[PDB]
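Starting off, we have a lone chain in the form deposited in one PDB entry, written out as structure tokens.
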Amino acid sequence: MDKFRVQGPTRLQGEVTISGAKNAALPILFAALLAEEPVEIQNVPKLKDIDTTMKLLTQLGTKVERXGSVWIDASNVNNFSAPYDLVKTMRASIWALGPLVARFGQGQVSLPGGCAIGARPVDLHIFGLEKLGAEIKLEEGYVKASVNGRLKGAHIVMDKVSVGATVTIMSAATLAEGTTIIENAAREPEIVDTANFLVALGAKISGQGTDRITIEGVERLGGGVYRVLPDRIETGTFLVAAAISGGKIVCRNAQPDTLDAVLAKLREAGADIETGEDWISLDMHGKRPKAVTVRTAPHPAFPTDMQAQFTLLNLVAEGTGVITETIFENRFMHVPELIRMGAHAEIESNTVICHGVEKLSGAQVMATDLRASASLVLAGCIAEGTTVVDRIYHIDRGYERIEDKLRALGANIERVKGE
């Protein structure tokens, strides 16, 4: 089992080129199940989640090739199920459900089980599909959807703001008879990206990026070429890496407008930030960060995917920082790991109260979250001594060659193979 050996402290300096969004590439890859013609998805990151998605697609009879792009040919889909073993390694597998029933009249996906970060049911996905006319049953742990003929457009109001259910409903709606309105839709940049992808295929969608999405169903979707937007979380993670190390970095292939909350919080922490059309620069001028207060919430508020990273920032900042999580209530596993490295903090309900320290110390820590756990690697970069991060497969699922990118910034990091 892979592990990272990080030697600190290091001041991160240099350039990093941002990869395509894991979170846009995923739903777009699933939506390609709707395409009758070949599709080329550009700017797809090289990471474990993409591997699992490619595997799932192949299991359905989809022809898949990849490099920077992923080429998809779904003209011969011949299988309609996502098995337990696959869903267990990637909850997003649920996204195969909607496209399958919308195009083929049937789809089966293993029902996701428990997860360490909190309760993550998929009730809204199921509810949405039902509203569209699909019949759904649970058999042997498999959510089985079906419809005789086309789905039917419906006016659906969402009980929660949900990135995943908004994608499920939006995607399936593109082939339904009539008009579908998704009220209280998630507004994430990835939702806009997926909608734009659909439209490039011939779908009729408007309102993407707002709380109300309208879809007018069409008979078929064709093919085309589409470039995935930049990864906002990868960008935020690198920006934080510089901000906590007294460093200076420039992020290339970036999309500043997807990061307003994070940028503003970085400025509050004392960062000198400049932005261009496709770039973001950050200079700490060798200063320790100032503690900030953060509240996660749906886009365009501060994202839960940046939460652990900012918790780290607060932990080495001057002052008492407070972080409140409103999306994933139990997403605090990183805290006790950081405390093993010398940090000080208390968790009260969904809020962590941080007491910044001057320096962290190297220690053995454990990764458990595909986005949050990158925080441990960052911590290792600025801590005194050697930090060993176990179970880095988690990080591999969410970041493209993070050690390579960090190394190019001056980090002392080694991938240690257990085999």
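Take the two forms, find the largest set of C-alpha atoms that superpose within 1.5 Å, and that set is the rigid core. Positions refer to the first chain, counted from 1. What changes on going to the form deposited in another entry:
- Put simply, after the core is superposed between the two forms, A35 is the one residue in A35, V365, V377, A383 with a Cα shift of at least 2 angstroms.
- Annotation: rigid-body hinge motion between the two forms, rotation of the minor part against the major part equal to 14 degrees.
Any chance you could show the form deposited in another entry after that form deposited in one PDB entry?
Next comes a single chain, given without company.
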């Protein structure tokens, strides 16, 4: 079981290059199934899910190769079924369904053994495909969709806001006959990125990033070169790393505009921030951060994905600050871990009241949440002494070699083994 052994305190400063967003790379990789011609996908991070997707794609008869880029040749897809062994570790695999049916007339995706019926994950996807004219075949453990000729554009009202189903519906709609309208579409920057990718292939989409996405179907999608957008959360994590260590950092390959709320929040903490079209700088001037008030909410408001990081900021800031999770429940599992590191906090209902302390103390900590986990690693960086973060495979799944990035920032960090 891999662990991170950090030795602090250390000032995090310098430069970091931001990896592509896993959350944009995935839907785009599945969308490449629509491409009749070779496709080059740039800025694709080296992550477990990316590997799983490549295998899945190959299993369908797609020609796949990688490095920074992922080269895809789907001119000839022959197998329209995603098997159990291949979708078992990845829910995103459902993304193969829509492209398959829209372009080939048929698709089949294996489903896991479940328990409760009603409002499940796959649900929105299946019904979205059904509104598009797909015939659905359901049997415990799998979903099959098929259509005679082209899908038919339709007017769709989403009762629930779903990032997943929005990608599925928007993807399959690019080849449908007519216009498709999606009401209550997820607004995430990743949805915008996926739509832009499609448009680069010849798709006709508008409204991406708003509550209403409109798609005019076209006969076919071509090929090309496409650059995946920067990882916005990864970027936020690095900004916070400098903000909590009285450091100065510059983020390369970033996209300032996917972070309005986070940047504004950082300024409130007294951070000196600068942006360029593709870069972001943060300077504390050796100064300790000021506590802030945070209310997480749906994009483009302050993201829940930055929550753990900001809680950390408040925990070592000057003063008292409160963090409120307005949509999500039980998002504070990790606070007791920080408290064990010498933090002063109180979890109350859907909030965390933060009392800033001068210095943290290393400890043996652990968290299952990717973000919370990453925050523990940041804590280890500035705490007095030795910190050991257990089960970092969580971090490995969403961050492209964070230890190396942290090390170049001046961190004393080692990847160590353990029983």
